[PDB]
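Before any questions on how it binds or moves, here is one chain, the form solved without its partner chain, in C-alpha cells.
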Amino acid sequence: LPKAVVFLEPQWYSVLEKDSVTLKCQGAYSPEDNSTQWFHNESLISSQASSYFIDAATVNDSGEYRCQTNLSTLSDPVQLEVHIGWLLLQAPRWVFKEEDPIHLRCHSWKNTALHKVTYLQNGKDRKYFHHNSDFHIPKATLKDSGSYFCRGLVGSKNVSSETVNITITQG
C-alpha cells in the first residue's frame, strides 16, 4: 500500500554540469529482496542501491527520476535539470505556498569563485552581498512572486544567470 519517495541531496532541482547530485529512494524492504529499482524518464537503469549517485552531472542526466522497492509501489516523478553556464539560480521548487520558506542560492561553476553578488526580482535589486551567500526569505508573501536571477563577478567576468519564475499560491 505505501508509495516510495525520491529526495534530492542537495535539495536543488536545477544543477550545473560537473555538479554532484544524490537521488535517494525512501522505501520498505524484506530480507529476501534488498534491491531498489531506478527509472530515468521511463527507462530502467543499472543502479540497484538505495541512493543513486551522479558524481559529475551531464546534460544527459536531465529528466524525470522514479524509484520502487518490493514493498513500495512506484514513486511520483522528481525532475532534474542540468545547465551549462557560469552562474545558476537554484531553488528547491518553483511553486511555493504563502508563509512558506524560500531558499535561493547563486551557484557558480565547479572550482570557480563568485563575488559582488546581487539577487534580483522583476529587474529590481532585492539583496546585495560582497561575498557569495545564499538568499533567505523565511516567510513568503504574494509580493515574492516573479522573475528571479542573480548577477555577479567570476574574477573579472560580469555574468548573469538565466531566469527562474517563482509562483506563490495562497492555499
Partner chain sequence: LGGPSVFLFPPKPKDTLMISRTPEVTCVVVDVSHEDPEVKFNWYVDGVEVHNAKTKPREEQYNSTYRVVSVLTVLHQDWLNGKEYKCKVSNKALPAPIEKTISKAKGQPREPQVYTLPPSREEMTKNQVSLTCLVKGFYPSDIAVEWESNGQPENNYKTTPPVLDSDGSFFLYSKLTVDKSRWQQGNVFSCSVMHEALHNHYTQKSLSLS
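In this text, rigid core is short for the largest set of C-alphas that superpose within 1.5 Å between two forms. Numbering follows the first chain given and starts at 1. First, how it differs from the form solved in complex with its partner chain.
Core superposition between these two forms leaves every listed residue (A113, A56, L142, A28) with a C-alpha shift below 2 angstroms except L142. For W86, a C-alpha deviation below 2 angstroms is recorded between these two forms after rigid-core alignment.
When the rigid core is held fixed, the Cα atom of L71 travels less than 2 angstroms between these two forms.
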Second form
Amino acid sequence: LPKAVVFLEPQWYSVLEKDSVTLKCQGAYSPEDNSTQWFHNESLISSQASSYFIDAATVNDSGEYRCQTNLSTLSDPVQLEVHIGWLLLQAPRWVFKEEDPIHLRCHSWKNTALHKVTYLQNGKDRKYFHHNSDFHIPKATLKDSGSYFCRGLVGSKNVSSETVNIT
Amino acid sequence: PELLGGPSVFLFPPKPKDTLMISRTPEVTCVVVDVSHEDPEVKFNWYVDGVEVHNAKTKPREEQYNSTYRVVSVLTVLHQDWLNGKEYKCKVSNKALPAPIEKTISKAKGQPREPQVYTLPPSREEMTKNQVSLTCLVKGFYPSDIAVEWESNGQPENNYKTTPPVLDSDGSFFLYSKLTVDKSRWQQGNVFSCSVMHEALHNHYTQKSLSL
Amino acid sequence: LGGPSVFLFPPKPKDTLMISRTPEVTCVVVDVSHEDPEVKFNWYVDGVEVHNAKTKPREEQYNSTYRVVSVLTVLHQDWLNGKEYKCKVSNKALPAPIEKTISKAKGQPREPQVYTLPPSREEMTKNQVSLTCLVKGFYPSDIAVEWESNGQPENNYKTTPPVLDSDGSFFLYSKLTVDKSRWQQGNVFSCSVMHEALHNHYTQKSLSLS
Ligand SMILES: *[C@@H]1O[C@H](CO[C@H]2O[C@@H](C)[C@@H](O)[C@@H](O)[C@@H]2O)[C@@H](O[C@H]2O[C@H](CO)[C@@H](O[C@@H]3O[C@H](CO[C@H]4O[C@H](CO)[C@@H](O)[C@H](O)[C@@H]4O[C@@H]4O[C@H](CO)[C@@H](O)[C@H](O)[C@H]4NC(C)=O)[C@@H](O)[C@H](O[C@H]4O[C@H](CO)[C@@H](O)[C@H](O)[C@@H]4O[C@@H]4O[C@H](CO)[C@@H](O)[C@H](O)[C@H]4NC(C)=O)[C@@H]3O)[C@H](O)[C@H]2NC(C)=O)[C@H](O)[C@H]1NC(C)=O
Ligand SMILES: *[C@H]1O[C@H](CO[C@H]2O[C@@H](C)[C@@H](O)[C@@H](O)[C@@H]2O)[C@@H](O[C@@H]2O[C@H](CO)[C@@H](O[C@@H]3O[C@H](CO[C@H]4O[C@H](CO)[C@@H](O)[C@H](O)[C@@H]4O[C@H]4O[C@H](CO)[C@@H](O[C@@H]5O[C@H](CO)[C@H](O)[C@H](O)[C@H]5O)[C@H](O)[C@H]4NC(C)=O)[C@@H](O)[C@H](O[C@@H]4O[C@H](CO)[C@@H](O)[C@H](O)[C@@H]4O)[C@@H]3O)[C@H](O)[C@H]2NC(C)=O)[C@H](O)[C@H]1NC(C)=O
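Return the form solved in complex with its partner chain of this protein as a structure block, the form solved without its partner chain having already been given.
Next comes the full complex, this chain leading.
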C-alpha cells in the first residue's frame, strides 16, 4: 500500500509560540471510512479529521508528526519546532546546493509590527527594510555558508532572532 | 503611545551610604514600566547568585502623560552580599511578553581603591564676595560609588553641591564637593569638614576638616 | 515611528565664541534605504528660511542604509542670542518630511567666576600634585576650560561636567596634575576660560607658589 504524507500549512516547520499550524494528511480512504490517525511522537492524538490544528502553538507541540488511514501506510514523521521569543528566522530549508533561490522571512511574535528590520549574515546586515518584509536571493555564492538572523523594533524595544545557519 | 513592545524593566543598585553603614538598609529595586491595562498583573522573581530569594516587596501606580502602569519591586540586600559580588537577578513576567525579562546587577568589579581626600580653602580672590567657596577633593577611588557630605559644628551643611565622579587617567575616580558659606563665618574661623564614605576605607568612612 | 531618523546637533562652544573659528549646525539623517537614497533638507532660522546649506552622501559601516548630513555654517552672534535652526528633512519613506529645531539654551546669560586653588599640603607628600581651577557662576553651561604651564597646553588635566546649583547657575572643576617637582620649583600654570559672558568671551587665571 501507499505511504501517506503529512504537509504543513504553512511550509514553516519552525514557528513561534502563537503560530497556528495545520497538518494536512495526504492519502487514500476506504469506502465506509473517512478517518485519519495522528501521531505526535509515539503518542496518539484523538481527532479523526484528515487535518490536525494547532491554534496557538506552545513548545510542547514541537516534535515529529505522523498521520495515517486504513488504505495508507503510516507516514514518515514531520519535525515541528516551536520556539520562544520576539523574532524567528524562517525558510523552507537552509540546505542550498550550488545554484538555488533563497527565501528568508523574519517572523515576529503574533505578527507584531516589526520595523527598521535588517537581515544579517555574519554580524553584517545583508539588507535593511523600513518595515518588515522578506529577504530574497537567486543562485548560491559558494559562500552563503553564513550564520543568519534578524533584528528590528517591536514598538520601542529592539528584538533579535536566534541565528540560523544557511549552508 | 504605541506600546506594541510590552513592559520594560530597569534594575537599580543600592546607595553607597546604605551598603556602607550597617545601621542602614541597602535595597535593590526592579522597575517595570509600560505595564498595560489589559495585561496589568506582574510577577517578579528574585535571585541572589542563582538561588531564588522570596523576601521582595511590591506596589502599583499609574502615570498620566502615557496612561500605563508602573510596577516596582524592592528587595532588601545584606551589606556583605553586595560588597562581595553576589549578583542580583530580577525576572519580570507579564502577558505582553513572549517570555519574562531578566535583569541582573552586582557591584562593580575591579581592585577597590582608597580615596584620597583633600580640603581646599576659598581662593584669595574670592573674598570680594559675601560668600566664599570651600572645596573638598576626593581622588583615586574605585569603585565610583561613594558618599561625600559636609558638616559645620557637628551638624549638616545644607549649601553644598557635588560634581559626579569623573574617570581619571590612572583609571580611577575623582570628584569635587563645593560648600558655599558666608565670608563672615569663614573669617570667623569656624570649622568645616567633608565626610567621605567609600567601600575602601578603614571603617568605610573618613573625614578631613578645613578652616583658617 | 517608521522611516529614517534625524539628529540636529549644535555648533561647538569654542567655535561660537571666537570669530576666527567656524560655527555650524548639523542635521544628520540615518536609515536611508537604497531604494530611495535621496533627501531634501529645509533650513529655517527664527522662522525665516535659509539657503546656505551643504551636503554629501555616505552609506556605510554595518548597514544597507544611507547616511545624510546637512552642514549649515552659522553667524556667531546669531546663535549667541538664540535662533531657531529648524531643520526639515524630506524623503519619500517619510509621510511628511521631519523637522527639528535647535538653539542656544535660553535663560539669562551670567558671567563665570574663575579661581585657581593651590594643592593642599596634605597632597604634596605625593609624587604628583593636583591643581584646581574653579569656574562657578555661569549661564549657560556651554563653556571651555583648559590649562597651560607655558604657552604650551597641558595634557594631564580633567574637567568635571558643568554642575547646576542653588544659585541657579553652573559651576565646574578642572583638575590638572603635575609632578610635585615642577610645582615645587616654582613654575607657572593657568586655566583659560571661554564663556559668552566674559569680556572677550575669554579669561585666564594662573597658579604659582608663595
Ligand atoms: C510611560 O511612562 C514612563 C514613565 O512616565 C513618565 O513620567 C513623566 C515624569 C515623564 O516626563 C517621563 O519622566 C516618564 O516617561 C515612561 O518612561 C519609563 O521608561 C524610561 C526609559 O524609557 C525609564 O527611564 C530610565 O531611567 C533610568 C534611571 O532611573 C532613575 O533616574 C531617572 C532619570 O534620572 C528617573 O527619572 C527615574 O525616576 C529613576 O529613578 C531611580 O529610582 C531608584 C529608586 O531608588 C533609584 O535607585 C535612583 O536613584 C532613581 N533616580 C533618581 C530619579 O534619583 C536610566 O538609567 C535609564 O537609561 C537607561 O536606558 C538606556 C536605554 O533604555 C540605556 O542606554 C542607558 O545606558 C540606561 O541603562 C543601562 O545603561 C547600562 C550602561 O550604560 C547598561 O549596561 C544597561 O543595560 C542599560 N539598560 C538598558 C535598558 O539598556 C532610563 O532613562 C523610566 O523608569 C520610566 N519612567 C518613569 C516611571 O520614570 C515611558 O516612556 C512611557 N511610555 C508610554 C508607555 O507611553
Ligand atoms: C544600522 O546602523 C546604522 C549606522 O549608524 C552607525 O551608528 C553608530 C552608532 C555606529 O556604531 C554603527 O552602529 C553605525 O555605523 C544606525 O544608525 C544609527 O542609528 C541610531 C539609532 O537608530 C542613531 O541614534 C542616535 O544617535 C545620536 C548620535 O549623537 C551624536 O553623538 C554620538 C555619541 O556617541 C555619536 O556617536 C554620533 O556620531 C552623534 O554625533 C557626532 O557627529 C556630529 C556631527 O554633526 C558631531 O557634531 C558636529 O561635530 C562637528 C565636528 O565633528 C562640528 O563641531 C559641528 O559643529 C557639530 O555639530 C558630534 O559631536 C558627534 N558626536 C560626538 C559628541 O562625538 C544620539 O545622540 C541619539 O541619542 C538618543 O536619541 C534619542 C532619540 O533621538 C533621544 O531620545 C535620547 O535622548 C538620545 O539623544 C541616538 O542614539 C545614530 O545616530 C545612527 N548613527 C549615527 C549617525 O551615529 C541605524 O540605526 C541601524 N539600522 C537599524 C535601525 O537597524
